[PDB]
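Engineer: Chain by chain, the residues:
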Amino acid sequence: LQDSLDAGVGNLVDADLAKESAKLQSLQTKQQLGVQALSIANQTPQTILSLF
Amino acid sequence: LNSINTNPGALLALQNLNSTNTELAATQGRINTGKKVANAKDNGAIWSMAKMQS
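Top line first, the protein sequences correspond to chains A and E. In this text, residue positions in the first sequence follow the entry's author numbering: the first is 220, and each later residue adds one. In this text, residue positions in the second sequence follow the entry's author numbering: the first is 2, and each later residue adds one.
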């Protein structure tokens, strides 16, 4: 019964790391892409300087 | 035409530049979000469908 209770607590709380192994890599790639998009969005306004 | 008070050609060029800037902003949003439809403004039907399925 104690083994069953521990197995049930593990079913309740334990994460499935095998999907996290891919989610982490995709999240780091998305972070890099987001930094690039924010940098381009920062660069965009300053092209008005060419008109003056 | 040869007027110092108005510049229709700069107005048309400004319209084209505003259009290309808006398309670049949409591309920036698709890059930083990774989604064709990230919010209800992008497309309401597919957004409601994907959200109910999620």
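Don't read these hints as lab results, they were simulated from the structure. All C-beta atoms in this analysis are idealised placements derived from N, C-alpha and C, irrespective of residue type, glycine included. Be a bit skeptical, because a hint or two may be false.
As the list claims (entries may be wrong) - Which chain A residues face chain E? A few, computed with CB under 8 Å, are given here: (1) 226; (2) 227; (3) 240; (4) 246; (5) 249; (6) 253; (7) 267.
As the list claims (entries may be wrong) - The list that follows gives simulated cross-link-like pairs (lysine-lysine, PhoX-like), each with its CA atoms no further than 20 Å apart: (8) A:238 - A:249; (9) E:42 - A:242; (10) E:52 - E:36; (11) A:242 - E:36; (12) E:37 - E:52; (13) A:238 - E:42; (14) E:42 - E:52.
Stated by the list, open to error - Restraint ranges, calculated between C-beta atoms of paired labels, are given here: (15) E:14 - A:234: 48 to 58 Å; (16) A:265 - E:20: 12 to 22 Å; (17) A:233 - E:34: 28 to 38 Å; (18) A:261 - E:35: 39 to 49 Å.
Engineer: Go through the hint on residue 227 of chain A and say holds or violated, using the shortest Cβ distance to chain E against 8 Å.
Structural biologist: Check failed: Cβ of residue 227 of chain A comes no nearer than 28 Å to chain E, outside 8 Å.
Engineer: When you check the alpha-carbon spacing of residue 42 of chain E and residue 52 of chain E, does it fall within 20 Å?
Structural biologist: Roughly 14 Å separates the two Cα atoms, so the pair holds.
Engineer: Is it true that the CA of residue 238 of chain A sits at most 20 Å from the CA of residue 249 of chain A?
Structural biologist: 16 Å, holds
Engineer: Return the status of the interface hint for residue 226 of chain A: holds when the least beta-carbon distance to chain E is below 8 Å, violated otherwise.
Structural biologist: 30 Å, violated
Engineer: May I ask you to test the interface hint for residue 253 of chain A with respect to chain E, counting a Cβ-Cβ separation under 8 Å as satisfied?
Structural biologist: 5 Å, holds
Engineer: Starting from residue 37 of chain E, check that the Cα of residue 52 of chain E is at most 20 Å away, please.
Structural biologist: 14 Å, holds
Engineer: Given the range 28 to 38 Å, decide if the beta-carbon distance of residue 233 of chain A to residue 34 of chain E lies inside it.
Structural biologist: 31 Å, holds
Engineer: Falls inside 48 to 58 Å, the C-beta gap from residue 14 of chain E to residue 234 of chain A?
Structural biologist: With a Cβ separation near 55 Å, residue 14 of chain E and residue 234 of chain A satisfy 48 to 58 Å, so the hint holds.
Engineer: Okay, residue 265 of chain A versus residue 20 of chain E on CB: inside 12 to 22 Å?
Structural biologist: This hint holds: roughly 19 Å between Cβ atoms.
Engineer: Have a go at the residue 246 of chain A hint: is there a Cβ in chain E nearer than 8 Å to its own Cβ?
Structural biologist: 11 Å, violated
Engineer: Sort out whether residue 36 of chain E lies within 20 Å of residue 242 of chain A, counting only the CA atoms.
Structural biologist: Holds, at roughly 16 Å.
Engineer: In this structure, is the beta-carbon distance linking residue 261 of chain A and residue 35 of chain E contained in 39 to 49 Å?
Structural biologist: Since residue 261 of chain A and residue 35 of chain E have Cβ atoms about 20 Å apart, the given range 39 to 49 Å is violated.
Checked against the numbered hints above, the structure violates hints 1, 2, 3, 4, 7, 9, 13, 18; every other hint is satisfied.
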